[PDB]
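Asker: As a plain string of letters, each chain reads:
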Amino acid sequence: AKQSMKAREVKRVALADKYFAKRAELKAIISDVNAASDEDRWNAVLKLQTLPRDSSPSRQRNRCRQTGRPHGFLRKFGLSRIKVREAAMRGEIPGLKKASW
Amino acid sequence: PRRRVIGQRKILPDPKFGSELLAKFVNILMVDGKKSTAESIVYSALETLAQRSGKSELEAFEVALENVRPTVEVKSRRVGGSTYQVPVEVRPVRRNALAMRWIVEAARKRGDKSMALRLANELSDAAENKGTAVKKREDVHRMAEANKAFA
Amino acid sequence: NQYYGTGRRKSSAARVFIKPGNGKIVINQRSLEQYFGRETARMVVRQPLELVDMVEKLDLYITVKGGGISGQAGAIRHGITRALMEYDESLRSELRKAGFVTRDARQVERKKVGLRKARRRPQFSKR
Amino acid sequence: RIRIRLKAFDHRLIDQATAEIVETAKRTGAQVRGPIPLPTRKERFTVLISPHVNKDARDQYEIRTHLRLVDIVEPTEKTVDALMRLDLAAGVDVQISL
Amino acid sequence: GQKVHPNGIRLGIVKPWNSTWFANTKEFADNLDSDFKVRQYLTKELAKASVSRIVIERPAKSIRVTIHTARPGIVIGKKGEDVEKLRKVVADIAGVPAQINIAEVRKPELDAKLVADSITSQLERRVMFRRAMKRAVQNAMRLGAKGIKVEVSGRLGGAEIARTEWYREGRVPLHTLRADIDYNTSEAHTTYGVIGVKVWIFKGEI
Amino acid sequence: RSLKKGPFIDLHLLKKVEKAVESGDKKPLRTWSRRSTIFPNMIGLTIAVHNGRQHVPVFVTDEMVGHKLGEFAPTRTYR
Amino acid sequence: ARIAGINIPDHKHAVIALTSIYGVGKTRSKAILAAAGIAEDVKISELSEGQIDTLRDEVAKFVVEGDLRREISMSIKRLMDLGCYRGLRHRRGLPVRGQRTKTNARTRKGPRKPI
RNA sequence: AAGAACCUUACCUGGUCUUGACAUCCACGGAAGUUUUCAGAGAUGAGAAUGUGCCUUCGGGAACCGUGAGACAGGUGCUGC
RNA sequence: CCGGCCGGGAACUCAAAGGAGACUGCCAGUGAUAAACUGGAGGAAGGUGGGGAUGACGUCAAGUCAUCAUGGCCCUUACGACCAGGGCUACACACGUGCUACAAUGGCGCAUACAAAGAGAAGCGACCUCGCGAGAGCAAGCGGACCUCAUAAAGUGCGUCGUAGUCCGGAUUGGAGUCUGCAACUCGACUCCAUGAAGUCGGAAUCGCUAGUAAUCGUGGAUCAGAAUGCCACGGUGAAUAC
Ligand SMILES: [Mg+2]
Ligand SMILES: [Mg+2]
Ligand SMILES: [Mg+2]
Ligand SMILES: [Mg+2]
Ligand SMILES: [Mg+2]
Ligand SMILES: [Mg+2]
Ligand SMILES: [Mg+2]
Ligand SMILES: [Mg+2]
Ligand SMILES: [Mg+2]
Ligand SMILES: [Mg+2]
Ligand SMILES: [Mg+2]
Ligand SMILES: [Mg+2]
Ligand SMILES: [Mg+2]
Ligand SMILES: [Mg+2]
Ligand SMILES: [Mg+2]
Ligand SMILES: [Mg+2]
Ligand SMILES: [Mg+2]
Ligand SMILES: [Mg+2]
Ligand SMILES: [Mg+2]
Ligand SMILES: [Mg+2]
Ligand SMILES: [Mg+2]
Ligand SMILES: [Mg+2]
Ligand SMILES: [Mg+2]
Ligand SMILES: [Mg+2]
Ligand SMILES: [Mg+2]
Ligand SMILES: [Mg+2]
Ligand SMILES: [Mg+2]
Ligand SMILES: [Mg+2]
Ligand SMILES: [Mg+2]
Ligand SMILES: [Mg+2]
Ligand SMILES: [Mg+2]
Ligand SMILES: [Mg+2]
Ligand SMILES: [Mg+2]
Ligand SMILES: [Mg+2]
Ligand SMILES: [Mg+2]
Ligand SMILES: [Mg+2]
Ligand SMILES: [Mg+2]
Ligand SMILES: [Mg+2]
Ligand SMILES: [Mg+2]
Ligand SMILES: [Mg+2]
Ligand SMILES: [Mg+2]
Ligand SMILES: [Mg+2]
Ligand SMILES: [Mg+2]
Ligand SMILES: [Mg+2]
Ligand SMILES: [Mg+2]
Ligand SMILES: [Mg+2]
Ligand SMILES: [Mg+2]
Ligand SMILES: [Mg+2]
Ligand SMILES: [Mg+2]
Ligand SMILES: [Mg+2]
Ligand SMILES: [Mg+2]
Ligand SMILES: [Mg+2]
Ligand SMILES: [Mg+2]
Ligand SMILES: [Mg+2]
Ligand SMILES: [Mg+2]
Ligand SMILES: [Mg+2]
Ligand SMILES: [Mg+2]
Ligand SMILES: [Mg+2]
Ligand SMILES: [Mg+2]
Ligand SMILES: [Mg+2]
Ligand SMILES: [Mg+2]
Ligand SMILES: [Mg+2]
Ligand SMILES: [Mg+2]
Ligand SMILES: [Mg+2]
Ligand SMILES: [Mg+2]
Ligand SMILES: [Mg+2]
Ligand SMILES: [Mg+2]
Ligand SMILES: [Mg+2]
Ligand SMILES: [Mg+2]
Ligand SMILES: [Mg+2]
Ligand SMILES: [Mg+2]
Ligand SMILES: [Mg+2]
Ligand SMILES: [Mg+2]
Ligand SMILES: [Mg+2]
Ligand SMILES: [Mg+2]
Ligand SMILES: [Mg+2]
Ligand SMILES: [Mg+2]
Numbered sequence: 001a002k003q004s005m006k007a008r009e010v011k012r013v014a015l016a017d018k019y020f021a022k023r024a025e026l027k028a029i030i031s032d033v034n035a036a037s038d039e040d041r042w043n044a045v046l047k048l049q050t051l052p053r054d055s056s057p058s059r060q061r062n063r064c065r066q067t068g069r070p071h072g073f074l075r076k077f078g079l080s081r082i083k084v085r086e087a088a089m090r091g092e093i094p095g096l097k098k099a100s101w
Numbered sequence: 001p002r003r004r005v006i007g008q009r010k011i012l013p014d015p016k017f018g019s020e021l022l023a024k025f026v027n028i029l030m031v032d033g034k035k036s037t038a039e040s041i042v043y044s045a046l047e048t049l050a051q052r053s054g055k056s057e058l059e060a061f062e063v064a065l066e067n068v069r070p071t072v073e074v075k076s077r078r079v080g081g082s083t084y085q086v087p088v089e090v091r092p093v094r095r096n097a098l099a100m101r102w103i104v105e106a107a108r109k110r111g112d113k114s115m116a117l118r119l120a121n122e123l124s125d126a127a128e129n130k131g132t133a134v135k136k137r138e139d140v141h142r143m144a145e146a147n148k149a150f151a
Numbered sequence: 003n004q005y006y007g008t009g010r011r012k013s014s015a016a017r018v019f020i021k022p023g024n025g026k027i028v029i030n031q032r033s034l035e036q037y038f039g040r041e042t043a044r045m046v047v048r049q050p051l052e053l054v055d056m057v058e059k060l061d062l063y064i065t066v067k068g069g070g071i072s073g074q075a076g077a078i079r080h081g082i083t084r085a086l087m088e089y090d091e092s093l094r095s096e097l098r099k100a101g102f103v104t105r106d107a108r109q110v111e112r113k114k115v116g117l118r119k120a121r122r123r124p125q126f127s128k129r
Numbered sequence: 005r006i007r008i009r010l011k012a013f014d015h016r017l018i019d020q021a022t023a024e025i026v027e028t029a030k031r032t033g034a035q036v037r038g039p040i041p042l043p044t045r046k047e048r049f050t051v052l053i054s055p056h057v058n059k060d061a062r063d064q065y066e067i068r069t070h071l072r073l074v075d076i077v078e079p080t081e082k083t084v085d086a087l088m089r090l091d092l093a094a095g096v097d098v099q100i101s102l
Numbered sequence: 001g002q003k004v005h006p007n008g009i010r011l012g013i014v015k016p017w018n019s020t021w022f023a024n025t026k027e028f029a030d031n032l033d034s035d036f037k038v039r040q041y042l043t044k045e046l047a048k049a050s051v052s053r054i055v056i057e058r059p060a061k062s063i064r065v066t067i068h069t070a071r072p073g074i075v076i077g078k079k080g081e082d083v084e085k086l087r088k089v090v091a092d093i094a095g096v097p098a099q100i101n102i103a104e105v106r107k108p109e110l111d112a113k114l115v116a117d118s119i120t121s122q123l124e125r126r127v128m129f130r131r132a133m134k135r136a137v138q139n140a141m142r143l144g145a146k147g148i149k150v151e152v153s154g155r156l157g158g159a160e161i162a163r164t165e166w167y168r169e170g171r172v173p174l175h176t177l178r179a180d181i182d183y184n185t186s187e188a189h190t191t192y193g194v195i196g197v198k199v200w201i202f203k204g205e206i
Numbered sequence: 002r003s004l005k006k007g008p009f010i011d012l013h014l015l016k017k018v019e020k021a022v023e024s025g026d027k028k029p030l031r032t033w034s035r036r037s038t039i040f041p042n043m044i045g046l047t048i049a050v051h052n053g054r055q056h057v058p059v060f061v062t063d064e065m066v067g068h069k070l071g072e073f074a075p076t077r078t079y080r
Numbered sequence: 001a002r003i004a005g006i007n008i009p010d011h012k013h014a015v016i017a018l019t020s021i022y023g024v025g026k027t028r029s030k031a032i033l034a035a036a037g038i039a040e041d042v043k044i045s046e047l048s049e050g051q052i053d054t055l056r057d058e059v060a061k062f063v064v065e066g067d068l069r070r071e072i073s074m075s076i077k078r079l080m081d082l083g084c085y086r087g088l089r090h091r092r093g094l095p096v097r098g099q100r101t102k103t104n105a106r107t108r109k110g111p112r113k114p115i
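Residue numbers (the authors' numbering), protein chains in the order written: chain n, 1 to 101; chain g, 1 to 151; chain i, 3 to 129; chain j, 5 to 102; chain c, 1 to 206; chain s, 2 to 80; chain m, 1 to 115.
No lab work stands behind these hints: they were computed from the structure.
Accuracy of the hints is not assured; some may be wrong.
Unchecked claim - Which chain s residues stay away from chain m? Per the calculated CB distances, all over 12 Å, these:
{"#": "1", "residue": "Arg31"}
{"#": "2", "residue": "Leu46"}
{"#": "3", "residue": "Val59"}
{"#": "4", "residue": "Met65"}
What the hints assert, rightly or not - Mimicking DSSO-like on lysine-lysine, the simulated pairs with C-alpha atoms at most 27 Å apart in a straight line are:
{"#": "5", "chain 1": "n", "residue 1": "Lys11", "chain 2": "c", "residue 2": "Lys26"}
{"#": "6", "chain 1": "g", "residue 1": "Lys136", "chain 2": "g", "residue 2": "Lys55"}
{"#": "7", "chain 1": "i", "residue 1": "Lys128", "chain 2": "g", "residue 2": "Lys34"}
{"#": "8", "chain 1": "s", "residue 1": "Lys5", "chain 2": "n", "residue 2": "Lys27"}
{"#": "9", "chain 1": "i", "residue 1": "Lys59", "chain 2": "g", "residue 2": "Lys35"}
All C-beta atoms in this analysis are idealised placements derived from N, C-alpha and C, irrespective of residue type, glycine included.
Please construct the entire structure, taking both the sequences and the accompanying hints into account.
Answerer: Next comes the structure, spelled out in structure tokens:
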């Protein structure tokens, strides 16, 4: 699903784990209802944009691992709805038989 | 069904008037599966009917249902090619069920105030045969009597 | 001493205990009159106690959970018929011929894939 | 006491795993209630079967996660050491809890 | 196209899951991706070694891979040197330890992967698709099969229009879940295009 | 509308406005931040917001304050 | 039954009577009758004149009728003078709150037209 | 499409880059990194500090980084006839 | 102290595993001395019990080269690649599929009873305490038969409106906000306040549905930072009709 699109997703994952899985203090702790409400809260949202545009975990699309398909994803398997089926009825996802109730 | 002759489901009697005739009347009156609302209306109607008519409930409902009951109804059958109006003797199970539907169908219209009031008035007018339900049987007869030529 | 019958009409599962004594019917620490109000039929639980008379013979302590109104009321009807086993086959000859002891399995059909709800297909566009 | 809880995907791999862990405890140092079953988790998934269009056509899957308990009611010295370093049974997760 | 995967429908009943491990919802996804990384790698590396399937287990952070194969001597090599070379590189991408085991298969013509990989390999060497297909169908019935359906879809013979052609010899009851049917597919990348090769091998009734 | 914790402007647009206001009136500021709100100090400036394919000059008045910059730069053209 | 600009209802409960005022809804009306000290169940015919004058000063607190109509007309006319996206939306006769304008929009756009 | 504010995004506008964002090599220089400043819409370009490790053929290493060179990498471009 | 709270119990519901069971197996016609058909007992269930999965050879050179793989073909200072905006949400109009309606078997208030299924670690987030309310602070427990989202709603029971474009509808807009998020103007969701449109049952046509089904009420999940009237599941009440 375009090698560039898969390759730009590794920036988004690596660069997010660096900054905002650590520097959420800038948004969470500082922008809060307490004594820092004056210029300290203004300097937080000011300094939050100094960071790169990527890093925010909202900007990760979350696509299939094997192919890179953006749609049809499943968080349990980490796959597309096509590749989970290809892998399930084959013997790769443990315990995953056809349901019928 | 093409060749699948199977019988019908059994029904239940209504607690306060343990029977069958008016138990089905509740089902025809019902909308959206709300039997609690519908059954409260039929009791309310028959209690207001029994006060005015000066009879019981089963016999008050009977002397009312029989006055809107069809004897013969009109189907149309193409045996050979053409399309004409063939009257036929209605079956005893459908006979009273077809009457119940005409009482309720007339009660949808004729917007007095309450559903309990409207049924009570329709069944009261059915007793002295001058409602809309008796008119709907009267026309059904006229088709059968006029088109009696066809067997 | 103290006889028992289960009953479990439609998801709901009754638990009917029955003893020889008063005519009262206790249910989940509530009276039968106040627990089952105006809904459709209170006396579906008392239907099985007609061919075999109650009046002031058998007292009923019942417990039930699951389902709604008629699911529980019908589960009690089966629970009582199952519970009436103190005179084994003398009662069940007359009781079965009016239905009653038949479980009545019919549960809600699952939602089929593609269909909007069990049987309801969406619509049809033919151009 | 030690509440031992274990779960698996296969319903008939966990049975011998629960039988062996009870027997390597009951026989070696006494005491066991039994295999308490617990409710089975059924994580269903309803993926589209086709690669393009055909919303009506799907395949529905599930993964039965079968739980089991053991429950011993005395911290025995022979039993507590036999639980550790002596489990094995591949494809069967186990979590001892004091 | 409208037929269910014959392996997939029998996974609970007759056939076994190849990846046999439990995992909690957090790890499951990454544990399944690492499972694919070794399987993709180990299939491409051991090409001439003739591998049918790869069973993978994970008891308490220890990846026991199994390699079911027709030619076990080529997988091990001399003095189990290639097992140690596999054990190292597989253990890096997967997750810490490794325990590679090898299961021989004395009847290689009854395994669906090996028959399909044989036909595929033959198609790439300009062999006539019928002389590859029917020879595989005839060869495995003599040994001890009861079914052997074999489809070959694609261009085949350098044709303009594509055609699917199948030959079977015996009972191949696909709708029977009690029946053991080895099914597998493989892709023959010829000069004219891809040629798919499905194979069903009904061995036993239960 | 959103945001109680400080009306929002981009760092680059704030520092460009503060530098422009202290110096004096000059020319349209090429700015792409449509998202950014308008401050009282911006009144008088003719900043040019990016509509999509070009920059639209917007003379900021007393009223244009609580609103955002992209409101005065229609993107899609019709008839 | 003559409070504010208009309010002339009869045979109607007090809470629903005051909904007839522009600028007074259902919840606002209950705040009037709570502060005034009047039961919601009563109607204006049943009320006395001594109680109606207390309602007049109560609704005088809130902006109602032409005070409100002008406040709304000012705010809409303000937007159109700015020439903002909402203003362009208003004068063009098209829906404002980021709505779908392709299939529906009939309330703001009006009834159907020829092509 | 099992979910378009940005991302997704394949489209447009303008800015931009050509062994390239993603890969193994032939080899030149450096641990990797981390903190932090300036011009810019941002991509980017310019810095300033600190740190300077697992083996010694010690003209080298096994990774990582940034140069020049080509084998090339890349294409959600067309063809489901 | 009066709540499965308590020791305790291991009956029962439930939970799983391992199993019995239903086969025209049994009787009675009918059939042709057959298959079988009808009807009957026993039975929880009766003639494939209900439901699901399972889709023959092949058809439409059906769909997909944009999931992936893939032969050729074209592009390689651009048809490749990084970035800010914008756009995919445009709107004289036409259709498809829904939802909410047009009310009185109904609308709004107060008294309060009955589910099933699923979900959860940068998670789900109690009791609290602030708020008219979205929510906001402090934090309890739970990788769960325990802890939490979570009071199910139709349903009763009282009240009040009495057939009005209405106390029906709740569109559309103005203002004031809340959360998520680098960011909510293009272009989010929800909340409050005011606002109060079309609509009085729908032309020719026409669709689904044979019982826990249609109808109708809520409920959950997947994708998902946020963003369902869709999709996928779950249970409430529960009909009519089949000559
Ligand atoms: Mg690719
Ligand atoms: Mg996202
Ligand atoms: Mg049929
Ligand atoms: Mg079900
Ligand atoms: Mg659909
Ligand atoms: Mg269609
Ligand atoms: Mg049409
Ligand atoms: Mg047509
Ligand atoms: Mg096919
Ligand atoms: Mg299918
Ligand atoms: Mg133009
Ligand atoms: Mg008003
Ligand atoms: Mg309001
Ligand atoms: Mg919108
Ligand atoms: Mg962009
Ligand atoms: Mg360009
Ligand atoms: Mg083709
Ligand atoms: Mg085709
Ligand atoms: Mg096409
Ligand atoms: Mg062609
Ligand atoms: Mg005990
Ligand atoms: Mg016990
Ligand atoms: Mg005991
Ligand atoms: Mg027991
Ligand atoms: Mg027992
Ligand atoms: Mg079992
Ligand atoms: Mg037979
Ligand atoms: Mg016999
Ligand atoms: Mg016989
Ligand atoms: Mg005989
Ligand atoms: Mg005989
Ligand atoms: Mg005989
Ligand atoms: Mg005969
Ligand atoms: Mg005879
Ligand atoms: Mg005879
Ligand atoms: Mg005879
Ligand atoms: Mg007989
Ligand atoms: Mg039959
Ligand atoms: Mg059948
Ligand atoms: Mg069946
Ligand atoms: Mg079946
Ligand atoms: Mg069966
Ligand atoms: Mg075609
Ligand atoms: Mg492709
Ligand atoms: Mg295309
Ligand atoms: Mg080529
Ligand atoms: Mg070539
Ligand atoms: Mg292109
Ligand atoms: Mg679209
Ligand atoms: Mg729009
Ligand atoms: Mg939208
Ligand atoms: Mg509807
Ligand atoms: Mg409503
Ligand atoms: Mg209501
Ligand atoms: Mg209303
Ligand atoms: Mg209201
Ligand atoms: Mg709580
Ligand atoms: Mg709460
Ligand atoms: Mg306080
Ligand atoms: Mg409060
Ligand atoms: Mg909160
Ligand atoms: Mg709260
Ligand atoms: Mg759970
Ligand atoms: Mg709770
Ligand atoms: Mg919820
Ligand atoms: Mg719960
Ligand atoms: Mg009037
Ligand atoms: Mg009007
Ligand atoms: Mg009004
Ligand atoms: Mg009108
Ligand atoms: Mg009108
Ligand atoms: Mg209608
Ligand atoms: Mg007509
Ligand atoms: Mg509703
Ligand atoms: Mg819902
Ligand atoms: Mg969720
Ligand atoms: Mg819905």
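Asker: Hint by hint, say whether it matches the structure.
Answerer: Checked hints:
1. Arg31: The claim holds: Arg31/s sits with its nearest Cβ about 21 Å from chain m, beyond 12 Å.
2. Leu46: About 16 Å separates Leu46/s from the closest Cβ of chain m, which puts it past 12 Å; holds.
3. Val59: violated (9 Å)
4. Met65: violated (6 Å)
5. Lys11/n to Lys26/c: holds (22 Å)
6. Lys136/g to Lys55/g: holds (26 Å)
7. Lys128/i to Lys34/g: violated (35 Å)
8. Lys5/s to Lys27/n: holds (14 Å)
9. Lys59/i to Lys35/g: violated (33 Å)
Checked against the numbered hints given earlier, this structure breaks hints 3, 4, 7, 9; the rest are met.
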